[PDB]
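Given chain P, put chains S and E in place with the hints provided.
Now for the letters of each chain:
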Amino acid sequence: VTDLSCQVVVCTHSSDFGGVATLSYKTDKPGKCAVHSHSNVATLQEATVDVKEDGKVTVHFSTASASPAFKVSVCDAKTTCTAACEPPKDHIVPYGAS
Amino acid sequence: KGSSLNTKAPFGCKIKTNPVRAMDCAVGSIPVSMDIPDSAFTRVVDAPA
Amino acid sequence: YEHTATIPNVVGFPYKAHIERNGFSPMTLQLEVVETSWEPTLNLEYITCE
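Protein chains in written order, with PDB author numbering: chain P, 296 to 393; chain S, 247 to 295; chain E, 1 to 50.
Read the hints as simulated data drawn from the structure, not as lab findings.
Any given hint might turn out to be false.
To be verified - Some chain S residues near chain P, calculated using beta-carbon distances under 10 Å:
| id | residue |
| --- | --- |
| 1 | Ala286 |
| 2 | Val290 |
| 3 | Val291 |
| 4 | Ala295 |
Where is the CB? At the ideal position from N, CA and C, for every residue including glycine.
If we strip away everything but chain P, and leave its shape as in the complex, we get:
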């Protein structure tokens, strides 16, 4: 696949990581794709990539940094995206990492 078009659906606060990502992988054969993303600024949600062939393979991604930039390693390449991780509502909770 190529064309690493990341559709970061929500840039959360946030909590346990969760948040929106979707690599629009221009691929001919979906399957097991490399998921774990090359940037420690926001913690990734999932580990492998269910690759929709030519599809927006969705993914979780959680970063608490309000000026977020998510640079993933979507198996056949990197993937660039940046969304504002808009801060959440509550104050104290189970966990988060980003």
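For chains S and E alone, coordinates are given in the frame of chain P:
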């Protein structure tokens, strides 16, 4: 006993007897604070595309 | 998760608020108002007849 209390009512209120109704008036607004539930909004990827 | 407003308090108005936060979907709502009788702190005086 001339013109009515609600009947000569200004402020557009519906005036009326013992539970002394002056209601639906043309007076005032409605302030409100709505503690919205989690279930009121849909999901983040829960929406249609 | 807690918005606030103030609508036209005459009966005969649809209030509505399309408030959603991040990740919660767009929370449309439509409130209405019905009657609101005035009835102040009244104290009766004389019980006049013939």
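Going down the list of hints, with the structure as the test:
no. : hint   : result
1   : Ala286 : violated (13 Å)
2   : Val290 : holds (4 Å)
3   : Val291 : holds (5 Å)
4   : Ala295 : holds (9 Å)
Of the hints listed earlier, the one the structure fails to meet is number 1.
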